[PDB]
Every structure is written in structure tokens, then in C-alpha cells.
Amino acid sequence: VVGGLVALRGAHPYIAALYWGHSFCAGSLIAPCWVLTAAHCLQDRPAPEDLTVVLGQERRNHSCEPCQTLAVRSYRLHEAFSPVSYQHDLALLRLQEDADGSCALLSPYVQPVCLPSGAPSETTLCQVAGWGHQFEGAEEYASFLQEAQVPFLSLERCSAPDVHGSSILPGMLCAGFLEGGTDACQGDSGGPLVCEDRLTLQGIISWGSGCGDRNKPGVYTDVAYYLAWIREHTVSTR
């Protein structure tokens, strides 16, 4: 996150850290057993046994008193996810219940975030959070989680020829300052864009041109657009 701030412990208790191989992504816990992220993150289609999800984590790849480490049962990328257009950039993970029957154990550090209903949030208080780059082409991802306030943007305004033009396709959503300076960056993807009335996951950190460049707001998967997709993909192993 560029132009952001170190967050308090538990500031974003719905953020998920995804680790596999020599790879990393973020995600958003939407229910005790369910995590939402970007499709591009898991492009490489790792076997689900290879994934580790860490909940309630303050620092990238650090153990912590309230950290929770779960396996993954199964997961699904959106069938139509395009790595040309970046359209339909989301994926849904079903976590693995521990030997008692529980997935995420709710705590002050580990908490799902409601989905929207898309009935729709012009210029509310919206925060983005992540462990990604603190500036474009930084050398390492952040250690402590970062947060930034970032305003929603109209499609009209975002699709303007000198902003993002016709790159912005249905299922996408812009959020950022046209003047630049604050934004998501590489390493923030899968992670939450959250807005308030009530706290709801409006966006999934997806793509962008640079990080917080003038007339280049971050693009996000429009969660509300995919509510049906999400419902109909809640099948799981037993």
C-alpha cells in the first residue's frame, strides 16, 4: 500500500494471508470457512493441500499469539477470468475444518466481513489494507500490515480516456485519488476494499498502472457483481 499507515493489531480482522511455495497473496474472510481473493493470485492452480491460510496476522510471515493457521479443502477461480483484460478477477476458497468441526475461531483479531447487497456507495469511508509494496518497484513487500483511506470512483470518471479508458470492464470498480499518492500496490492483491454504512467488502484488490500514479486509481474486483457467482460456488467436499 503506498501512502498508507502501519495498522493496529486487529485493525482488519477479516484479512487473510495466503502462503504456498515461493508465493504469497492476501484475501478476505467472508465467513468462518470462506475466503475471497483474486483469480490472478492462484493462476498457477496450486493443489489445495499446498496452501496455508493464516488469519489474525499482524506481520507478513510472522507467528503471533492470535494467529490462526488453516488448510484449504478446495477452491475455485472464476471460469471466465481473463489474464489479457484482467476481467472476472476473483476466486473462492473453502477452508478445512480442524479435527473438532471448526474453521476460523472468531476472536477480536479474526472476524469475517459481510458481503455487500449492491442496492451503491458513492464517497463513503473506504479502507484498503495489505502487506504489499509501500511504493512502486520497492524491493520487498511490507512487514507490518498497512492501511489507507481511499474513495470510491464513478465508472464515468474512471473510464475517462486519460484515466483508464475502456480497460474498466463490468465486474471492475475504481477507488483512489486522481491526484495519486495513495493506492494499493503489487503484493496487496486478493486483499480487502471495505466500506461502511456496517462493514462490507465492496472490492478485491486486483490491478493497476503503477501504484498511486496521477490519473491511475487502483482497480478492484466489484464484489457485489459476483454475489450470485459466489452463492452458486459454495459446493464442498465433506
Given for the second form:
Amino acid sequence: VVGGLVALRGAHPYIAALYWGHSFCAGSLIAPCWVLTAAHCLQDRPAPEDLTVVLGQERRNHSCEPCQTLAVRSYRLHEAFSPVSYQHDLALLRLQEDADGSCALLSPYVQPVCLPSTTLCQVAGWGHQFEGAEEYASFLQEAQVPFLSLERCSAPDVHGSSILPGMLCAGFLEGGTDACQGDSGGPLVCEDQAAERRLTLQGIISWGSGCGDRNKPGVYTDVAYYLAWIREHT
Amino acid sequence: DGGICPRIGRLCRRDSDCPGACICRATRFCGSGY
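Switch from the form deposited without its partner chain to the form solved in complex with its partner chain and give that structure.
In what comes next, the whole complex appears, and the chain from above leads the way.
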């Protein structure tokens, strides 16, 4: 995340971290046994035994006392996900459960995020804090970004025809604030500024052109657009 | 050269280790191209 601040310790109990091979992604706990991430994170189809999910983390790849490390028993990419257009860029991770059907231990640091049913949105992740950075963030970063309409993101000098149904754009056209490499799968959560009654997961960090650059806002998978697919496969 | 570069964190040594329009940057991580 470019142009963000350190996330408060209790402000992100839904963020999941995904470690395997030499890759890194994030995700969102949407049920005790289910994490929602980007499909392109699993583009090379890694074996589920190779994946490690960690919940409750403030610092990247850190073994903290409230941290919980879980294995992944299976995952499902949205069908017709294209590794060219990146339409339908979302996947579901099914965590390992015990004999009593319990996966994550819900706690003040580990909580599912509400799904969709004057709006402020925040993006969070451990990725690069600058485009082309040499190193992931240690502390989780958070940054406020606004929604950007379809026609403004589809402008030719912005993202043009690359914005497809089921995608969503957020950030500032002038630049400075964005997700970046290593943030993929992470959440874009929003809350209504006129009442501030519920934090809801509205986007999944997906792709961009650079990070935080002019006329190149971040592109997200539109969670509300795939609500029925998420409900059916969980 | 623009295009779609997904925001996965990934070590690389060739461009082919990177998804979409990303390339292997000088930092040996995948990132946007030219």
C-alpha cells in the first residue's frame, strides 16, 4: 500500500495472509472456515498442502501470540477466470477444520468481515509501500481511497477497455494512494460516512498499472457483483 | 508499456515467472512494465 499509515491493532481482524513458495498474497475471512482472495494469486495452481494461511497478524510473516496458523484443505477459482483479461478475479479458500467443524478461533484479533447487502473506503495490505519497492511492509498499512465511477476509470488515458463487468476502481486520478504488489487478495472495506454503522467488504485487490501513479487508480474485484457466487460456493 | 499487472508479491528471475503484463523488475520481484 502506497501513501498509507500503520493500521491500528484492532482495526483489521478480517485480513488473512497467504504464504507459499516464494509468493505472498492476502485475503479476507468471510466465515470461520472460508477466506476470499484473488484468483490470480493461485494462477499457477499450487497444491493446497503448500499453502499457509495466518489470521490475526499485525506484522508480516510474524508469529504473534494472538496469531493463528491454518492449513488450506481446498480452494476454488471462479470459472472462466482469465489470466489475460483478469475478469472474474476471485477465489475461495476452505480452511482446515477439526472434529467439531471449527477452523478459525474467533477473537478480538480474528473476526469475519460483513459482505454487501457518502461512502468511505479503506484499502489494507503488507505489499510494497512504493511502486517497484525492494521489500514488503512489515506493519500492515491502511489508506483511505474513494470510489471512482465506471466512465472515469474507463477513460482511454486511465484504464480504457480493460475495466470489465465485475471490476471496480478506487483511488485518486492525481495519484499518491493505492494498493501495490503484495497487496493482492486483500480487502477494500467501506462504511457509510453518514451513519458509520457497518464495515462491509466491497472489493478484492486485483491489479493496476504501477502503483499510486497519475491516471492509474487501483482496480478491484467487485464483491457485491459476485455475491451469489460467494454464497453458493460457501 | 502499460497493461494489466496483478498485484501478487512474487520473487522472479525471468519475465516468464510473472503474471499478466508484469515483468521481473531489478528488485527480483514482479511488477509493472514499460
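Positions refer to the first chain, counted from 1. Shifts are known only where both forms have a C-alpha. Note that the rigid core is defined as the largest set of C-alphas that superpose within 1.5 Å between two forms.
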Superposed on the rigid core, does the Cα of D98 end up 2 angstroms or more away between the two forms? yes
